[PDB]
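J.: Given the coordinates of chain r, work out where chains C, B, I, H, Z, D, Q, q and P with the ligands should sit on it, guided by the hints.
The lines below spell out each chain.
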Amino acid sequence: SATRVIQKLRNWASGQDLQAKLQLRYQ
Amino acid sequence: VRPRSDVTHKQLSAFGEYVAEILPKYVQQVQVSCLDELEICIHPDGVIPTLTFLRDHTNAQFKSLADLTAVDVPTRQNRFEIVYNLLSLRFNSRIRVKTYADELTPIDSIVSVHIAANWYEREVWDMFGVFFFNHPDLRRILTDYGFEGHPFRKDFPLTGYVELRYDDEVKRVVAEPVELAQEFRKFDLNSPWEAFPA
Amino acid sequence: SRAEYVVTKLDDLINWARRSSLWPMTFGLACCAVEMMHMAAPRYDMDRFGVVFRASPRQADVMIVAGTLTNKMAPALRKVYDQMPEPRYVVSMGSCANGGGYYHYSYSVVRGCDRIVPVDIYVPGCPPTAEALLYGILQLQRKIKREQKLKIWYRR
Amino acid sequence: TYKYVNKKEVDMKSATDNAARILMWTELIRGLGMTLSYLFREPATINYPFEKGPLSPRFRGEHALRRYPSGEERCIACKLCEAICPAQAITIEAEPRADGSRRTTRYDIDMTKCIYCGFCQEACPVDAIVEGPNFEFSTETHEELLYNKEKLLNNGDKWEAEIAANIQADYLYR
Amino acid sequence: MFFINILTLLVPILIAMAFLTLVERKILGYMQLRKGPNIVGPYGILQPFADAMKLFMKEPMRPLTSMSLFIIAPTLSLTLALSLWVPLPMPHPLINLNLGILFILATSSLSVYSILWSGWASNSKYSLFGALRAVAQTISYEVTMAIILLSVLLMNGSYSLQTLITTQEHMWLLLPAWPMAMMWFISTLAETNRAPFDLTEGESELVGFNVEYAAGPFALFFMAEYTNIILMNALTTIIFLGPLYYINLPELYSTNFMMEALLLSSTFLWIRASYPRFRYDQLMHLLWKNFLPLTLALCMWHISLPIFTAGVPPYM
Amino acid sequence: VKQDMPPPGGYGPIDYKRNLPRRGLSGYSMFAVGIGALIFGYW
Amino acid sequence: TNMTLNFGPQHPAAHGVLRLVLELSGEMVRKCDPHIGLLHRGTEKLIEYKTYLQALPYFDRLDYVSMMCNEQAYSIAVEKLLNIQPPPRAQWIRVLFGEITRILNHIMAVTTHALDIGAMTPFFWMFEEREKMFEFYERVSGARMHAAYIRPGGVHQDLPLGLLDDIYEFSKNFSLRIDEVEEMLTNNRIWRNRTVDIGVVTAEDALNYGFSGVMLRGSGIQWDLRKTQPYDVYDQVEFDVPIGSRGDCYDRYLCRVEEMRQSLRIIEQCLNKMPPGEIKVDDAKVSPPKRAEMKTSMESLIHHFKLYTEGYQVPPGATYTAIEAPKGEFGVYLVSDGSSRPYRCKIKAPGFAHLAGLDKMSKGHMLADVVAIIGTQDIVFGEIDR
Amino acid sequence: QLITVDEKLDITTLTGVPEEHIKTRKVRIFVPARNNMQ
Amino acid sequence: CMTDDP
Amino acid sequence: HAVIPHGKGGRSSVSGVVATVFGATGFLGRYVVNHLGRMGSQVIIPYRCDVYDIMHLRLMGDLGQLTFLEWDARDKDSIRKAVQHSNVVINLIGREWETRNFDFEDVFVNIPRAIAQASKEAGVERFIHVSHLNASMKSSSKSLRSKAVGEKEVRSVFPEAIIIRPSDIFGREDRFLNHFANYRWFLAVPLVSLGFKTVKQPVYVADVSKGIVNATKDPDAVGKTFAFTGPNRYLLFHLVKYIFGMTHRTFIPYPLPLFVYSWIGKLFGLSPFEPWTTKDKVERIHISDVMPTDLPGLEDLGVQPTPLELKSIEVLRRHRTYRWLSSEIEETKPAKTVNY
Ligand SMILES: NC(=O)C1=CN([C@@H]2O[C@H](COP(=O)(O)OP(=O)(O)OC[C@H]3O[C@@H](n4cnc5c(N)ncnc54)[C@H](OP(=O)(O)O)[C@@H]3O)[C@@H](O)[C@H]2O)C=CC1
Ligand code: SF4
Ligand code: SF4
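Chains as they are written, first to last, in the entry's author numbering: chain r, 3 to 29; chain C, 46 to 243; chain B, 69 to 224; chain I, 35 to 42, 47 to 212; chain H, 1 to 64, 66 to 208, 210 to 318; chain Z, 6 to 48; chain D, 78 to 463; chain Q, 51 to 88; chain q, 92 to 97; chain P, 38 to 377.
Next up, chain r with everything else stripped away, as it sits in the complex:
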């Protein structure tokens, strides 16, 4: 649950997809 732009800043800065392995566990 984070805007794709902000999310992108994350993926770019990281260099891999955190979306696939998130810190927020969900149902």
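None of these hints come from the bench; they were simulated from the model. Hints are supplied without guarantee of correctness; some may be wrong.
[Said to hold, decoys possible] Under the rule of at most 30 Å between Cα atoms (straight-line distance), these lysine-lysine pairs were calculated in the BS3-like manner:
#	chain 1	residue 1	chain 2	residue 2
1	D	367	I	187
2	I	51	Z	22
3	B	217	C	216
4	P	278	B	219
[Said to hold, decoys possible] The following label-pair restraints were derived from C-beta to C-beta distances:
#	chain 1	residue 1	chain 2	residue 2	range
5	P	47	D	274	53 to 61 Å
6	D	243	Q	71	31 to 39 Å
7	C	213	H	57	24 to 32 Å
8	Q	87	D	370	54 to 62 Å
9	D	307	Q	86	24 to 32 Å
10	I	57	D	238	53 to 61 Å
11	D	437	C	213	43 to 51 Å
We put the beta carbon where it would ideally sit given N, CA and C, even for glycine.
T.: Here is chains C, B, I, H, Z, D, Q, q and P with the ligands on its own, set in the frame of chain r:
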């Protein structure tokens, strides 16, 4: 039932004779017990010689000292039973060499054979009181700096004889004879009926 | 204007400042330290509540004794308790430090830290849960809130 | 099967590549990117008073003594909860209640002595002593932590509804 | 008026100085997956004021130590740091000094004493060992710090910080002289004992002059460090990143000065969380081996660039 | 009575290898942009 | 005294409690004499006065970063003495939670190492993952740490109905979390410096001082007791020991990050191949009877009463059983008379040997080097002090 | 070579026991009887 | 979250 | 009503003395609770100071030995419940600075009366009342005279109530010894009559405490007015210098009329926060110690007095400097004893 592999029981037994022949002089009893572990029992004088042969023999390289411990059988004249457990990364096996030492009859130190023992030997002196000659620096390791008595001896009270509290009058921590507020309840647990040995 | 009122309000401020920012000096004797590092960690952030991750024996408002206080470490605990500021507090953590714990009857374990340092909140549990420590730190905050130092000065 | 974690030409391309790594701190900038990335991730912390970290039914938490629905306390003083306690925490002395039944005159769990093993939960035949869910029982004074039968029975009455639900969920497993 | 202009330029900085600790305890937090302090006040805004009050109330224990080299040290640390904001040239400065950068270099240099005095005053081993190493890297870093400025000045024409607003009316001095910016930034990180270079407060290493310092003395240096953290970042934002200046509206200079200073102040916060601390000798190995030869040579290039490019800067 | 066991057919596959990406501007290209910046600045 | 300076017991840098009386000529360490026993508590003597099942909780406390792996060592030891072996499902469980525990230890060792070095963000990143793991412990044992789940005859209670699935979701992702730490430390231009070529230990010297752990593996000696002497069902899994060369703080680190990786490979398998079955031996003689059975069958009550009140009554003998605890070789020498309570239980602590090496590792080193080396030995004073 | 000592090994001086509990404590050596119960 | 039933 | 004494004698043992001690937070008090707690006695410590300050007393008492009750001197009910279940009441209520809301009468005579009064209503076996030594109903210092007034009254509220009457006390955290040592801040150390003709006999705090405690557990003391005094007397001159001697700080005894000096005491007395010197204190300081002709205290009650020089090193150590902090008493010269 454990998955015993007789293949081992035999090979280790055979080594036990091998060592017994190689060092007839110090080996008193050698026995590969069930659980497939070999224990060569040596006269206390054979501490240096038996270890060295195991650390430096092509057919028995026992490079690292897993542990040095001393059970205390008070009944036994020689109270302590120093046990040295050794591993062999080359033959992937383990052997235990155990000797007997009384309170005031010291054992030699093997810090020369394995420097691992520098600390464990200090541990055995602090807890049981056995002394190790030729030790580089034998001094209490685990007990308090002023502790009197060797703690793991079976004749030492669990709670001990001294406990510490802070006293305002003297503004410093101060020992006092132990006064416990609920003594250790000593449940008797042994059953009066034995189990017919298999 | 009644100074009495003026005093209470002032005290409260003082209490709010100490209670909002408690910089804990933790010892980590034993394991209950691992359960405090968890508090400092992200699920249960200690900082959010104003508790700093850690500080030296000086700048520390509260000492959390986690773990067995063995007879050799007993002289030290005291030293460090004695080396802290005038407004200081002790949160015993762990059955090993509240009383003696699994090692109460041992010869090398002090049966409680409250025999060596006065203790204000006792947090129970062998690994007292991190939430429980957090509950304990929060109860220290309610203990401080109630303290009324200047009103006793005024009424003394 | 083994693996070599760190077991190991000079070309302008290579060197120029390596020199740039030292001169403009390229790898250091890589590390900064990682932390900037999380700055944008949702924080994992929970409002502690408002939201609570999840504990499932077996959580041992705080000791309680249960009672039969009817209202008769479950404990029948067999005293093996005392026998198996590792820390010597539970002290039990008993005498036949006038009813003729067997009940504990004094049941004292010293919580500071207790290391919350949960064996007492295990050992009880009537399952009178249970590890209750509550973990928040921090106390200002050491004496409050020592618990007699009345506190534990009172603890049992307060948390009986959840204790019953928790035992309900985990008894098939035991 | 001038007095009012002293409140402004001081208080405002002190209030901002307080809000940096907060933006440090939250930016480090979110980077480490944690909210940071939000429970006291709204979003943690009252958090800096809260521990200030706790720090001043707690006993300033005077060790069983000097009593002056102990109280002079924090006073000096806060006095020099707040003082160095006097000549800073936001839009137009408070006290314009013709030899302004020498004032900033000299005032910084004096702060090394506070570390030396506090370490001797404590009279405990951790303090003295920490002070001697701390003094060593501070002055070691001062040597490259000064040469890096001399290269700048020679392309600015004067020591007055006000001239750079006219030097940087077309391009930042980062484009030219970027190689030194980096070396000014790393030196700014050392001189504020911030993370990559913070063995002084090294905790695992020497838990160090601040060790015996608690309550009010702790706070004053403390305040000093953070104000410095800003000041040095602000000097980066005037000397190398030149904010756009329009003579008609002076505040867009200060608005951009505000933006660049906050971002570079944010950067050393970000550096801290991101990097492990360097070894004591690894730190000096960098300055004397890695940076000083680069700086001295690039210093000569900045005496040559002017002459043969017929660009000798206009004095005044 | 049911026992928590791996789902039928087994679980999916996990990564046990570092996926660190070797991504960077080539060194020459890196230096050239920088030197070009200084040349423009000097002019 | 060459300015002898106690590293001091209270020091964030010193794990727990370590007085390192060090004589340092300025910033160089001439000799390190670590002091121990600041956490001696009597664990070895106390056990003699307790029954086998009531001494199981002591093992979790011996080195509590690695809570369970330690239990497995006592379990195995008590099972050998009884010549009983656990049921097939229990074995896989112990390997499942055995590995999860290894990760937990390495996340502590790598991240706590960095906190002393000065990197603080890796600790918060991975303590969140740790937290998630603890929850596995809690939902299996009841306690976040100090579970008491692995008992001498198998585990205590079957996994909750649903845990395996979650030990998957986590495992499926944890890798990226290790990957991140990496992008932060493995190649940091600065981690390497403070770690590389610090505390190099030769191969012959490592065996001689009894290092027996990553410390040996880091020097290039290939020894994983889990492959050389398989215990439980670590034989049926397939993993690669991460051997190292140019053994130094950096190399061993890389090894610990690699076993975090290899343990995810072992965990995956355990989830993929855990058998249907019972989780405790069926010998009411050794394992306590199920509560439905003890409440309906007389032989089960008698066996429940005797087991809890008196004990296993292990046959007389002595054994040294060593596993590969995350720190290194953890072994219990358990001498036993026919009685229900043990006679001796020397715990070999991977750590008593490692600390001793501090002297032979940190020679001619700076104060900061000593901090780095205590980290590369994963010293948990509980196991050393016992 | 061995040395001769006729002194009953007394090691009271090494055991580390407080003086009061070595001179005022009488110990009885007995074979335990059987609880008539079993 | 001991029970997912309010 | 009693508690058979069982145990070996240390903490976690029982002695059977349940005792309210109203002014325990005090310098003397701290010590009284120490022995009472060491012995294993039940100690009820009434307190009106904040809980943070009362914490130091918690640790010397064993679990359940110490009970703390909220109490207000003006409120009679608070004293009532404190002595409800005590069988021994010890009164150490005293101050040197007449506070805004409490006068010397209150702290010495008014309050200590109400207290013993209730104690009787309660049926406490014995009450120990503490009043300063040489306390004439006509003594100059209002304090001493007022204290004298009290020892009389309390008799009538509580007959056969022991009345120990200690001299100024010597102990760490005491005033007698620290006050003089703290004159360092003052460049010159005024001494009326240049510190002469006011011979003084200090008494170690513990001796006083042990004595007091022994009273609680001895039938011989009833209506007794013991006087714990000391092991050696001293002209104030040697005392002052000696102190400065151990403190290793220079000494400049300066004569200053007590007339003018009573005024200096007034000045500090004016200060709101615990005046450091008190017009009365000044007078008391000069009031010469009286010779002993009364019920013997120490020794008589079972403790042999402890010479000042013996423990002085511990009390005055904090006042030394960086190096002086390492000097010991026997290399130092012990001052002469003037019995006069
Ligand atoms: N050297 C000495 O001090 C000597 C003392 N004495 C007598 O012995 C007694 C004990 O001496 P010391 O301990 O030094 O005295 P302190 O000055 O230490 O005071 C003793 C206690 O009385 C309490 N107190 C004071 N005023 C009041 C009040 N208005 N209401 C309730 N409680 C009060 C104080 O508690 P709080 O501070 O918390 O209010 C304090 O804990 C004194 O009464 C004194 O007259 C006699 C000879 C020498
Ligand atoms: S209390 Fe339980 S957890 Fe805390 S230290 Fe003692 S044993 Fe480890
Ligand atoms: S076991 Fe259950 S029932 Fe038997 S005594 Fe302990 S609690 Fe009461």
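J.: Indicate, hint by hint, whether the structure satisfies it.
T.: Outcome of the hint check:
no.: 1; hint: D/367 - I/187; in the structure: holds (28 Å)
no.: 2; hint: I/51 - Z/22; in the structure: holds (28 Å)
no.: 3; hint: B/217 - C/216; in the structure: holds (26 Å)
no.: 4; hint: P/278 - B/219; in the structure: violated (41 Å)
no.: 5; hint: P/47 - D/274: 53 to 61 Å; in the structure: holds (57 Å)
no.: 6; hint: D/243 - Q/71: 31 to 39 Å; in the structure: violated (57 Å)
no.: 7; hint: C/213 - H/57: 24 to 32 Å; in the structure: holds (26 Å)
no.: 8; hint: Q/87 - D/370: 54 to 62 Å; in the structure: violated (27 Å)
no.: 9; hint: D/307 - Q/86: 24 to 32 Å; in the structure: violated (51 Å)
no.: 10; hint: I/57 - D/238: 53 to 61 Å; in the structure: holds (59 Å)
no.: 11; hint: D/437 - C/213: 43 to 51 Å; in the structure: holds (46 Å)
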